[PDB]
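Here's a solo chain for you in structure tokens, the form deposited in one PDB entry.
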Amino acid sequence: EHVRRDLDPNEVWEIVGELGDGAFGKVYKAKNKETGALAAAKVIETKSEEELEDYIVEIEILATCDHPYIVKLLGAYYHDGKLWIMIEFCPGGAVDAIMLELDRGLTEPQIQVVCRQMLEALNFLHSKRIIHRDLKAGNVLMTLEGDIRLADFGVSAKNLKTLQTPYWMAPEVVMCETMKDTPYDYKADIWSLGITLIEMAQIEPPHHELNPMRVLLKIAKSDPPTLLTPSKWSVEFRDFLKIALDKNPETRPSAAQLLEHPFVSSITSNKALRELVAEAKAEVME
């Protein structure tokens, strides 16, 4: 058990601030009493010991995934009726919040670094048989060194609900088993990645202008999205998008394959992102 049921968390940890109320809840800024290190925390009051299981599964995921580009789990406590989960503090904030502060999208050299780094994360995740299912610029966090961190496994953990003859089975039912089970569902993250790259270029994902209920339909019947003004962007970018955003997941490539694409195969430094994070920090000061 990575959740220490013993040991009250106010022995080691100490709260110092808030950060934001977005959808799921509040997020505190936390400090380590011994080492003095910063962490980002969630203190959850639990409606149900049944539901709790979802957050425990997230913790298990986080504890298994040691990779440079995925947030470190610094601690996990259940004490009183509350659940404490401490994450490596990422002081550059999320890329979407970055685009709000600078009031613009990322440049192509910036997107390349993010894309390259996400591919390495996904490729790691997919070889551990984990799917993110919730990739968007708001879940890509930045460190001051200009590296990303993938952050929220709240959807991915809910889907490891799967932890809990068919001669008469319908076609569309068959396909939603092989699609949702294995070799095929890795490709969903690949699609989302493609969409996160367009969000980064254009600030808003495709179909932002549509009401949420109608997007699902639009995604189903539409041609795959492309960049609004293809003048602005390199052929390598458009072609990367072209092949990542294949509606047919069978032919859509894996992360490991896309790491061999010219758009990211020559990315040796994270400088462009180091520069963007610095511009953001300075803008926050005003």
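In this text, the rigid core denotes the largest set of C-alpha atoms whose superposition between the two forms falls within 1.5 Å. Numbering follows the first chain given and starts at 1. First, how it differs from the form deposited in another entry.
- Considering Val215, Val155, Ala188, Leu100, one residue stands apart with a C-alpha shift of at least 2 Å between the two forms following superposition on the core, and it is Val155.
- For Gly17, the Cα coordinates differ by under 2 angstroms between the two forms after the core has been superposed.
- Residue displacement note: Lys26 has its CA displaced by at least 2 Å between the two forms (rigid core superposed).
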The other form holds:
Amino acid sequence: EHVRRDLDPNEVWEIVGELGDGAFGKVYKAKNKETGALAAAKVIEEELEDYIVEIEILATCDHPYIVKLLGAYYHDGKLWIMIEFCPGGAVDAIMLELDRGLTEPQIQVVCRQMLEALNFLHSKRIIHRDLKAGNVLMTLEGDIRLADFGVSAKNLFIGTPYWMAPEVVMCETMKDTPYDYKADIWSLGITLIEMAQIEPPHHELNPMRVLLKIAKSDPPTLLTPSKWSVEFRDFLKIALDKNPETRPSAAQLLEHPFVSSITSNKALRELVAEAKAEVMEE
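Form deposited in one PDB entry already given; the form deposited in another entry follows:
One chain, no partners, no other molecules: that is all that follows.
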């Protein structure tokens, strides 16, 4: 497997803090006794069947911009999942701590590296399905790591076809290639608005009403278009296409001028240095 039962993780890892309490189980800051390496450890009390799925995904997702699995153990009735620690925290928290949105140049770095990560996931037939700023972790170098928390949404014949209703044909066709991946391109567009404006579109509406709103409204656009370049607004226009057939792929959007010339993560390294300096205030 990708899970070790022979080894007790307490022999190798020291729990040195707490991070989150997602309903799944506790999550700790952990320090490696041999190396000093820092990790975030999710510990969960054959219900394991559902949970091994996450580890197989992570194990396949070896890429610079996706969280990096350091290990998985099952020991004394508890499942351990050890990810490399991203000291910068999530982008949404960074915006709360600085009490502002990202500059356009910080959003271009984010966008560029997300597109690269998505191009990788999709070419492996993995769909994220929960993109948002809370799922983008930052390193102190200014690189993202795409993550997923909570009820991890990542993942790889309802009748005889002559009798199938059109809406059932459509919702089955949306579940395989090349339509399924398009959902992430949309959510990416919304994440960019969230990073620009702090809140996603329709944030004022309760969760049930916002579904209606998404289905029936024109695609969202930036609140103050004069703050933003035409490249950003065109990127959104194209990504936030309600039609998944014409919505471009990650590989296509990497050639859009919003991101095609980004060759430096400087702007995002600066953001993380500033967030750290702000956190330090007392």
